[PDB]
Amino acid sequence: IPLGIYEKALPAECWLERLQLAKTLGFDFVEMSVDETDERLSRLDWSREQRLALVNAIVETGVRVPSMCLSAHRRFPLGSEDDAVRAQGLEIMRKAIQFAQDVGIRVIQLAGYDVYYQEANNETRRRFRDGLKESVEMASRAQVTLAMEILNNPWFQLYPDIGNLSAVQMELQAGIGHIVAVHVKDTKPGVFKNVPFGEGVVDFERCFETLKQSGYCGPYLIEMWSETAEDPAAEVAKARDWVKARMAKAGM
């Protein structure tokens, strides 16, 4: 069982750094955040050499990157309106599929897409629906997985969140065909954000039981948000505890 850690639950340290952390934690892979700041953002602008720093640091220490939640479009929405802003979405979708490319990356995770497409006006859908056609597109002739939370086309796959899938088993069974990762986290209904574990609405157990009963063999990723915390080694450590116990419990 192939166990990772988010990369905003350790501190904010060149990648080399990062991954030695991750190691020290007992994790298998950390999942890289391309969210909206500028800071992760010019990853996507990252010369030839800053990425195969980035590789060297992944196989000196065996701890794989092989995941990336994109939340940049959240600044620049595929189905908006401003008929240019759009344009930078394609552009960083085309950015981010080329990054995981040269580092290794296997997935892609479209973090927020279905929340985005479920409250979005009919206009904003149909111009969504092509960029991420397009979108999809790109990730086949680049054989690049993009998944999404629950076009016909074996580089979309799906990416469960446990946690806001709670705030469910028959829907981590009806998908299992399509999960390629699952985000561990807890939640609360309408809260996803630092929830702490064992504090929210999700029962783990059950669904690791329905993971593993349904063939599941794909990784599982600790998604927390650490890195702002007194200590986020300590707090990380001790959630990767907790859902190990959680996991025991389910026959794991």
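Residue numbers count along the first chain shown, from 1. Whichever C-alpha set is largest while still superposing within 1.5 Å between the two forms counts as the rigid core. First, how it differs from the form deposited in another entry.
Rigid-core fit between the two forms: of 123, 137, 119, 91, the one residue whose Cα shifts 2 angstroms or more is 119.
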Second form
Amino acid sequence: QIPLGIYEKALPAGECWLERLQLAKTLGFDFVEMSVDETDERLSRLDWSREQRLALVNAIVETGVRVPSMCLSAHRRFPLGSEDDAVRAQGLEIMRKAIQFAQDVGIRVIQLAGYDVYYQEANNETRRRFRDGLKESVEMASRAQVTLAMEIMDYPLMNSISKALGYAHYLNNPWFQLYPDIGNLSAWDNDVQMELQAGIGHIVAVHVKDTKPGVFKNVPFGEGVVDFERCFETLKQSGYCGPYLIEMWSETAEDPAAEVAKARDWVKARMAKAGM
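Output the structure of the form deposited in another entry; the preceding block shows the form deposited in one PDB entry.
A lone chain is what you will see next.
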């Protein structure tokens, strides 16, 4: 049966994980994806004590709701391509800490953000520094035996499965894999269905959200350009058996749980249509 998860930032903001995990179970999800983003509050998770780490493991084992993956979007703030050597070193230290964290709490996959730089302008130097930082991250990941899976991004350097496969070929490492976002993939000039089929033996997780050209965030399900039934059809037929994660940001909604319930039923209807 198909594992279905919810993004952390879809649910109420608390740092009590047992409550967060119990809520996910109640809403019918098998898992939660943790965000380690640009904010200092989530960034501080990497400096958690042994007891804070073991408390998360406790809540997981007790509720049965897994935290198999981490979204590492902190690299938008501290990119690995930064020609500011201080910022780049901060980005690699965050990579090191996310992997140790992953080891500590049994996170299966760290989703990488494919930005060479975000708030600054890319050039050849940012692309070379990003590539080297990726090799270095993947080396750390080989030692720890932790999967780093590159997201297909809201950003041209990594805006297709083909571009992620380029990096995968260059790296040639079993611990570097693919985590496509079917929304991000659908908002450029890609052949989406061929891209999905092309990545198959590299795809470890799928992000599920709607988008429009140039709009990658908070676009409501059904109001964008993503052909969900087609994407699930292709993935199923091509032999994909991994998890799907509903990505939304309803932490700011009046009733986060009610929004998540509606999004879950909407996504599930389309999975069912496509044979799953």
